[PDB]
Amino acid sequence: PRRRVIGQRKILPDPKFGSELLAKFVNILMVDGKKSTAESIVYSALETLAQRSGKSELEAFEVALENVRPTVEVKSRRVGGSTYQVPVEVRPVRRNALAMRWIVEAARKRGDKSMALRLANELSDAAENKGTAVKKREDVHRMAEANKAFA
Amino acid sequence: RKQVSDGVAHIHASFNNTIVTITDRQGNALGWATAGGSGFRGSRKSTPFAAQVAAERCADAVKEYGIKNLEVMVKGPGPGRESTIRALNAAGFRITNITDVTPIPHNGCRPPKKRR
Amino acid sequence: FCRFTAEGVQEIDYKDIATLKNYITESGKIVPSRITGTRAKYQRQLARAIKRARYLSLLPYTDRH
Amino acid sequence: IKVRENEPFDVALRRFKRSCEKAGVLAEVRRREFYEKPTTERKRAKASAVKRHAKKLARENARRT
RNA sequence: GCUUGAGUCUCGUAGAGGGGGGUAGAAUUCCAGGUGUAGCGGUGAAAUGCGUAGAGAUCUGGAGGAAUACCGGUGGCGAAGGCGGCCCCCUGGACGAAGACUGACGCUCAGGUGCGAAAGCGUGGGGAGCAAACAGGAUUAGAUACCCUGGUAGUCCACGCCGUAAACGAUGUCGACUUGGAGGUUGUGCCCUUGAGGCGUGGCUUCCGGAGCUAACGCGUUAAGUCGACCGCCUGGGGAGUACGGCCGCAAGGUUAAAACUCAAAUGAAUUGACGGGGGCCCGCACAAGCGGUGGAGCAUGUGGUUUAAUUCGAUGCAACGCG
Numbered sequence: 001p002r003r004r005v006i007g008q009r010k011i012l013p014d015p016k017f018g019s020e021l022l023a024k025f026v027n028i029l030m031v032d033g034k035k036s037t038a039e040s041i042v043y044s045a046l047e048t049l050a051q052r053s054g055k056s057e058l059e060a061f062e063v064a065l066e067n068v069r070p071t072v073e074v075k076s077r078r079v080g081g082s083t084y085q086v087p088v089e090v091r092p093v094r095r096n097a098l099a100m101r102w103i104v105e106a107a108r109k110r111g112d113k114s115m116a117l118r119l120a121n122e123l124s125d126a127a128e129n130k131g132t133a134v135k136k137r138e139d140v141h142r143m144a145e146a147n148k149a150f151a
Numbered sequence: 012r013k014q015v016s017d018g019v020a021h022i023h024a025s026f027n028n029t030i031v032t033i034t035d036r037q038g039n040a041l042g043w044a045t046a047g048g049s050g051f052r053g054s055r056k057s058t059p060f061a062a063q064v065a066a067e068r069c070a071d072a073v074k075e076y077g078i079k080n081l082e083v084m085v086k087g088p089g090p091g092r093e094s095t096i097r098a099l100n101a102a103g104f105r106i107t108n109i110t111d112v113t114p115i116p117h118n119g120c121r122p123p124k125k126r127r
Numbered sequence: 009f010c011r012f013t014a015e016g017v018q019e020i021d022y023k024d025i026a027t028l029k030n031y032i033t034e035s036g037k038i039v040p041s042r043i044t045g046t047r048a049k050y051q052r053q054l055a056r057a058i059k060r061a062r063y064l065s066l067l068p069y070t071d072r073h
Numbered sequence: 003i004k005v006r007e008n009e010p011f012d013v014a015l016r017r018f019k020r021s022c023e024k025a026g027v028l029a030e031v032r033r034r035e036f037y038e039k040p041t042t043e044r045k046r047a048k049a050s051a052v053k054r055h056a057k058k059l060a061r062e063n064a065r066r067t
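Residue numbers (the entry's author numbering), protein chains in the order written: chain g, 1 to 151; chain k, 12 to 127; chain r, 9 to 73; chain u, 3 to 67.
Source of the hints: derived by calculation from the structure; they are not laboratory data. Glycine included, C-beta positions come from ideal geometry on N, C-alpha and C. Among the clues, some could well be false.
Only part of the chain g face toward chain k is listed, based on derived beta-carbon distances under 10 Å [said to hold, decoys possible]: (1) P70; (2) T71; (3) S82; (4) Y84; (5) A146; (6) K148; (7) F150.
Straight-line alpha carbon distances no greater than 25 Å define the calculated DSS-like cross-link-like pairs of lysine-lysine that follow [unchecked claim]: (8) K29(r) with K45(u); (9) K109(g) with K24(g); (10) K86(k) with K37(r).
Derived CB-CB ranges, DEER-like [as the list claims (entries may be wrong)]: (11) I6(g) with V13(u): 40 to 48 Å; (12) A14(r) with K48(u): 21 to 29 Å; (13) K24(g) with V31(u): 56 to 64 Å; (14) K148(g) with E38(u): 40 to 48 Å; (15) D71(r) with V88(g): 39 to 47 Å.
Produce the entire structure from the sequences given, and follow the hints as far as they go.
Here it is in structure tokens:
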């Protein structure tokens, strides 16, 4: 990336109700290239959380990650010497990315019965501000907010 | 309390701390705060932000004096000396003037030879 | 870059702070000839004129007051 | 070193500060006596000043274009 | 005899030139009090340290010591060391204008004499800051170093003494001559101050550069150019500016100054590289954002070692080890 300032790569939407965001969620959950089982897992998890919550899948995803999407994150921009944690506010696509990836690692952990139930219950906890992914969000937010002395 | 009208605000801004103190016409202290006491023990207290936090925390404890307008007066170099002015302004004190008494020897004592 | 000493016969005096208060700054401290013209000879003569003024309290050493 | 800065200010406006002395003397007198480096640094910077004057004299070039 | 060298005089100028004596203000520290509080300080981070006996902060008063912010300028003065607040006293030199006077009164100098930064030494004061030694903290593998907190001699004053420095433009002093450019500073003559001026000429002076010189870098009217006079000094590197002896010194040590022995080099300037915990620009899955692995287990295989009679031979840092 020395000279490249390259942009983005095309991603096809949901084969169900079209959502680039849910497709990116599928691609963050996919392992070994198994896109079919990835999208199947996410489909069942969102439809189960949808029958639970009484909101459509899109709105459930929306205000269930909106409680995990971060604001500022920590970087190490060493200047005039030693390296210290400068908090950069995260761009919106980085928000989407970090949120989905924390939810997915949270679901990788927290093993109850099957990945579908894990992920579904997990973003329910993230909708009600209770899960390990939202705990990750708040712990990044207090990993920063204690280094504001650098701006 | 004592309903003091107006005052001066000394910012002893060093290379390590930034001592904010509030005093009056007669030169008597009403309260103070410092970037080392406001947290920021160490590498952060020599930053401009901790200085403004000290200025905010010293705007605290002088609300009880009804101090209306402040004569900010600074001293010495450092990361502070400007962010403390910003914070003493944004705290709602009518900054009536921004002077300093930063001391300059007329070639007096020999200074320490430090820092090889 | 005007040296008033170009037409100023009755060379620099320590009582004419009316004329001296232009060769100092807000603080009371002498100004450089590289910025105010003032041929070096008269800059030195007015330097000691300002010093004698300060001694007679016709000018402040600093603006501490 | 002191300014009223009438409250219709909204400004720093303390260009008097970093234009007159504050840091020009303080951060270089804070330590370091050494009695001899003033002349060394003096003539390094003074060679650079005469070099600026040489630049101003011989600043006639072709821009490579 | 002579005036072109060298001086004397009359008028002034510029100056941190010198010695003596007063004095001012800022600032650091200390002392006493006022207000005020849990921090100050310091560092890369700390900790020693200081602080609830109430500090740091801010204010007033008092004491004392050292150096003089800005002016500040390759600016000035001085033989060199060196000298910078202001004022007074005694004092040296420089230099310009014009005129007069003496009439070679000159230049250079072994030995001799004198001045000679800083450290250091003796006697007596002084002691604010800084600070060898010293002590503590920290760093570190160790750290009797850098760093931090303290801190004694000392730095300060008078009077002696030492007599050395990279005391260095590493350039002995004096005189003559030989193209230039821009400056700085200090004199002075002329013309229109005609209105911040223009034309000459004296002194000191900084930088570029010509002929020349030089091994080259460079010097270049302030020569390292062309010469003249006198002085000092050198003769391969190490041993050695050492030893012995002399002279000086209170002491530290200084000055003069070898020999054996050993090496065939030591050295200068410049050139091409390579390298830098030097500078500028730039690139690579180099790092950063991310995914998946190795290192753990079992097995396959190659390797080292051991074994054996033989466990053929070869690759054996990246760039050998599922390699021939």
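Status of each hint after checking the structure:
For the restraint placing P70(g) at the interface with chain k, the shortest Cβ-Cβ distance is roughly 21 Å, beyond the 10 Å limit, so the hint is violated. Taken as an interface hint, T71(g) does not check out: its beta carbon lies about 18 Å from the nearest beta carbon of chain k, beyond 10 Å. Nearest Cβ of chain k to the Cβ of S82(g): about 9 Å, under the 10 Å cut. The hint holds. Here the hint on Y84(g) is kept, as its CB sits about 7 Å from the closest CB of chain k, short of 10 Å.
Taking 10 Å as the C-beta cut-off, the interface hint given for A146(g) holds, the closest approach to chain k being about 8 Å. Because the beta carbon of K148(g) sits about 6 Å from the nearest beta carbon in chain k, less than 10 Å, this interface hint is met. For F150(g), the suggested interface contact is upheld, since its CB lies about 7 Å from the closest CB of chain k, less than 10 Å. A hinted pair counts as satisfied when its Cα atoms are at most 25 Å apart, and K29(r) with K45(u) does not qualify at roughly 32 Å.
For the suggested pair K109(g) and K24(g), the alpha carbons sit about 20 Å apart, so the restraint of at most 25 Å is met. Using a Cα cut-off of 25 Å, the hinted pair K86(k) and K37(r) holds, with the two alpha carbons roughly 19 Å apart. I6(g) and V13(u) have their C-beta atoms about 43 Å apart, which keeps the hinted 40 to 48 Å range intact. Taken as a hint, the range 21 to 29 Å holds for the pair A14(r) and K48(u), whose Cβ atoms sit roughly 28 Å apart.
Roughly 60 Å separates the CB atoms of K24(g) and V31(u), a value that falls within the hinted 56 to 64 Å. Remark: the range hint 40 to 48 Å for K148(g) to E38(u) is upheld by a beta-carbon distance near 44 Å. Evaluation of the 39 to 47 Å hint for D71(r) and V88(g) yields a pass: the beta carbon distance comes to about 44 Å.
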